[PDB]
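First, one chain by itself in structure tokens, the form solved without this ligand.
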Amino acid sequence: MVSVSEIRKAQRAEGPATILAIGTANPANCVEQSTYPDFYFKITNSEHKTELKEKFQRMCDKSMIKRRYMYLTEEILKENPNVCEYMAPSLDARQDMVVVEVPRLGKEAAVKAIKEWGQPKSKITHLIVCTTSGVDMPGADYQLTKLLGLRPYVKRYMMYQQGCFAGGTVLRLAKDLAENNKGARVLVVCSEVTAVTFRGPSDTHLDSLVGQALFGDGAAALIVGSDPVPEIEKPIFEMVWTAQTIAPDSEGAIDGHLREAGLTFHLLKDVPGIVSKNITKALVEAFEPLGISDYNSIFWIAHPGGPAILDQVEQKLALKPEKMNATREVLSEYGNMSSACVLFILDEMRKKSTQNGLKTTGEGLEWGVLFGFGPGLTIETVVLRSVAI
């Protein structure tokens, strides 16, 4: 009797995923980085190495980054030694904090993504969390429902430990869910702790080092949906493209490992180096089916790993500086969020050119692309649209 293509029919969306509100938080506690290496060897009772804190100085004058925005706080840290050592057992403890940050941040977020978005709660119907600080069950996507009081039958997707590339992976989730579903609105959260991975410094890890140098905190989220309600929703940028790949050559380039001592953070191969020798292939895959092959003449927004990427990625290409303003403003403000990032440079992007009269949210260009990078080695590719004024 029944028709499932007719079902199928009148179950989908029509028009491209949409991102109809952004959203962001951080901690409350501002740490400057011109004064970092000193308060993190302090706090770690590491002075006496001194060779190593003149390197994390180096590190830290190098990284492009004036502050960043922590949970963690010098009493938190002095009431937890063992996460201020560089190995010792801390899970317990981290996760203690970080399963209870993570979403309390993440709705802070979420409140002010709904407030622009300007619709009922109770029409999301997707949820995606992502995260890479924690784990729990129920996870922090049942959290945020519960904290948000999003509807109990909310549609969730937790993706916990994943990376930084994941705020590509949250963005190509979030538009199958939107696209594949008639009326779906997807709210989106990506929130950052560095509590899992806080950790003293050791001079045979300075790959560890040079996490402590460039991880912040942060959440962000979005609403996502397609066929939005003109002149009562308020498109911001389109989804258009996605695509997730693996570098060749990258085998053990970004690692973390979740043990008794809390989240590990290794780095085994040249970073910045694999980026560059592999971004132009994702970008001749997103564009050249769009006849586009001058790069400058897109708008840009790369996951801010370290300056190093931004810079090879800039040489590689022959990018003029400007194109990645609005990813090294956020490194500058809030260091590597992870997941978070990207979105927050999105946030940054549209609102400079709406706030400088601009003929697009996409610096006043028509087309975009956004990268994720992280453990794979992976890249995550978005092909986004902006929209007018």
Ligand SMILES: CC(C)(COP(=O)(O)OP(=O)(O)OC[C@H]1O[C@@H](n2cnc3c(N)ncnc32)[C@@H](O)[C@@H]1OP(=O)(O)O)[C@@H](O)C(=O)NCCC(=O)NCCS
Contents of the next structure:
2 protein chains.
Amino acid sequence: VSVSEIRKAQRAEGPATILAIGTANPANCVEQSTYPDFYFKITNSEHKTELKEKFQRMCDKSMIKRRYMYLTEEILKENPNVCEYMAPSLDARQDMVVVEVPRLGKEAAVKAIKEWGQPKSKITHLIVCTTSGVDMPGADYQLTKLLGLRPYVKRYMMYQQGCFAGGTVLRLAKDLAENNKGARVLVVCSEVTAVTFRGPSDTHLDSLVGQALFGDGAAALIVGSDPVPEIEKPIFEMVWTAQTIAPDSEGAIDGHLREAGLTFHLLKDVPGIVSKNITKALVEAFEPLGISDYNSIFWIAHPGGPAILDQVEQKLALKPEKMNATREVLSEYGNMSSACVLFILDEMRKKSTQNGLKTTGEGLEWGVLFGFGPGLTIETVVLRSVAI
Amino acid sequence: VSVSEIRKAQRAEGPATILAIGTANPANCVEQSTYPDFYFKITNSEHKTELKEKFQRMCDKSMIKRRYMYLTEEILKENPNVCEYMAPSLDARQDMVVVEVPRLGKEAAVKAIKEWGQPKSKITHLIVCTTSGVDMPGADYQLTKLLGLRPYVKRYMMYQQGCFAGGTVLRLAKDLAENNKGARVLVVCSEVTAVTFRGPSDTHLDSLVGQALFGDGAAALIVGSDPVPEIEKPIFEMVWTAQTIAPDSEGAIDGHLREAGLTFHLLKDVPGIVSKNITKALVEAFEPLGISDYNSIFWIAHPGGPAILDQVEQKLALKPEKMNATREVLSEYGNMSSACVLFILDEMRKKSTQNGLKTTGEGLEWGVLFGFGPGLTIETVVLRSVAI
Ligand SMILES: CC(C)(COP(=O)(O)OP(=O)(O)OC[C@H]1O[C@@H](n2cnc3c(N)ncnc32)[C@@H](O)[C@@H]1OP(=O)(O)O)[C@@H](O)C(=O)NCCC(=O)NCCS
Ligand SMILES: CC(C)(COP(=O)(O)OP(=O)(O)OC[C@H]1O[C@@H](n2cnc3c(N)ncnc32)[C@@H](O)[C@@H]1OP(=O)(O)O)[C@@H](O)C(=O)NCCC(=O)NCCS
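The block above covers the form solved without this ligand; next, return the form deposited with this ligand bound.
Once more the chain from above appears, this time first in line as the rest of the complex follows.
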């Protein structure tokens, strides 16, 4: 037997392509304007007057209008442990998210599969990504069962990844699709803040920042190489990827999964680190392609908070409009961790089509997607848009 | 710009190849013959006379002679919580394994890199796999730092995977190496039983079975396509992979990460499920290659326990020698979860070379590697040996 012949026949020929995008969120919509009042009340912390004032400034500057949350007043009233800053509560939190992560991911996946339009029996690979909870068999098994995928779908269960992992799943799906003829990858990012929610403490102000920014959501993609002309419909193509660890960033974003749930720390200036290192990321990605005008490409940036976006825009002299799609997702959903960047791709291609632009990438040809998270890690994905 | 030209120039040409293997284990070597005495004593359970008798029969039938364990008598005496069947103890367990998983994985990785012989700056991708503990940034970040890999190594952090994931990491490394020209993937599986160790309970006999079988260890590989002739040295080639979920197996192997650590359940007949489904796995893998004599291929099977191996051997009428390398690893190290299958590949190629056989696969051309674990999941990797 010829392994050379097997290899040539086994592999795909064209670039990995996003062929569908679907999203979902918990039904509970929580307004940001009044969240400090809600949160200081539900956590029994109304006596902490200056801390609450601080939180209201964090929420007012967050540029978030609303977030969708699995957690409700009723669930929180049944779980005082979760409402404390640091109380034993992982078992209760796990019980929530081992069910809600695949439930929410299913909703997003059904929408992506409907848009794709092909039989779900043609899904060959499944990537599931979450930072909320872990279990064995994982959320990947659960979504296989919930969706009725083939039992021999090839699964990639990405746990405890953090906010950069919307880029990670794309980087992974690219190789799965491109190296395997006919492969169709279902990608699901599903993030639920019930493992990180906790009450406020005035010696842990970084923890408080997470309470102002993180919200819930799932996004699903279909990714494949060699799309079938006029049966499947390309939305974006992936061309190149990178992942790197920024220098001088040790401990900038840390999270520990403990008996009290998932903790969150920020020990460094994350917006400054991102903005000091983003140019190197762009020249690695775009100098080989001959492009150096970063306003000439379309942008997707993980909105870890608005300060990251503001400082990158300032560093690079981006026109304010470059970040429009990103900021619209931050505004209507908050920081959904790994899923966020995928919601921004959906926003971008939907507005570009609805408004009669020439490409799904705001009428531009090349684009970039960035994930930012623990490490400090930067994920880069170079994208090409599709005409109309 | 031509994306077709970029894609063609970006990709590798030959099959993903294992180019180095290194292993490591905790220094504490625990004899199996006397483990029931040690374990019932350290867990304060000497009054449970019939349960202890049961455990000694489990250990005597386990076909394990010894295991390496991070946990020592002294560590256990400082952590009575861990010695209880079910007490709050995840924070202590995490603190152990967030450090020991990357420490142990580093030792294995340094040996693999030494054998490979190339600059570690040529490692482009890093896969880290563990079922013990989680953290943010993960064990992948920690090993990047501990080894001094390039900060732009592309990382794949595989958490809470379970016993099939030695096959999963190979399935993943295959696509990374084959789709990326020049890519060299460092693969590290590192498993430490401090998250699952717990005392005995007579209404949780499945939990007790894990206490008899699981041991600690790490294995590291270098995987790449297009090896540089006579600079790099191929050991095994990967040709095809699959993953499937066995029918009628819901709940057969479950593990929940809780405030009391990682629990372990067996609610179905795992050896019977594996042996009823292994033939279908083999015909999917080997009928396309024209082979149907399963004694004519070399074998690597995850030794989840000896009964799996015995019942597969019986089902297929394997000659007793087929499972020799697998059983030798079970005997000297026990069930090291994801790392086990990689220790068996090392055992197999070392004995094949030491004993002057014609190929690294016991003198045979084609081989199969199986991972078994939660789902019930079966991972299949079709291998080709290398001459001498
Ligand atoms: C939080 C945020 C929206 C506030 O907007 P802002 O323009 O920076 O506003 P201000 O300077 O007026 O301060 C807002 C509150 O942020 C706080 N804050 C932000 N990051 C914090 C951290 N690293 N530690 C402590 N406090 C933090 C306070 O420090 C400050 O309250 P105060 O100055 O009135 O006491 C903005 O800091 C942000 O987007 N930070 C995100 C950084 C990031 O790490 N995101 C990664 C998530 S993984
Ligand atoms: C555990 C093992 C080594 C014992 O060898 P054995 O040949 O089966 O021996 P025996 O039939 O004499 O019994 C051994 C002890 O295993 C126990 N045992 C094994 N699996 C158990 C489970 N599913 N639930 C309850 N008890 C279990 C007892 O039931 C039995 O003690 P007893 O019969 O004297 O009360 C063998 O059962 C094994 O390899 N099982 C592995 C199955 C597996 O699930 N591994 C997956 C790990 S993820």
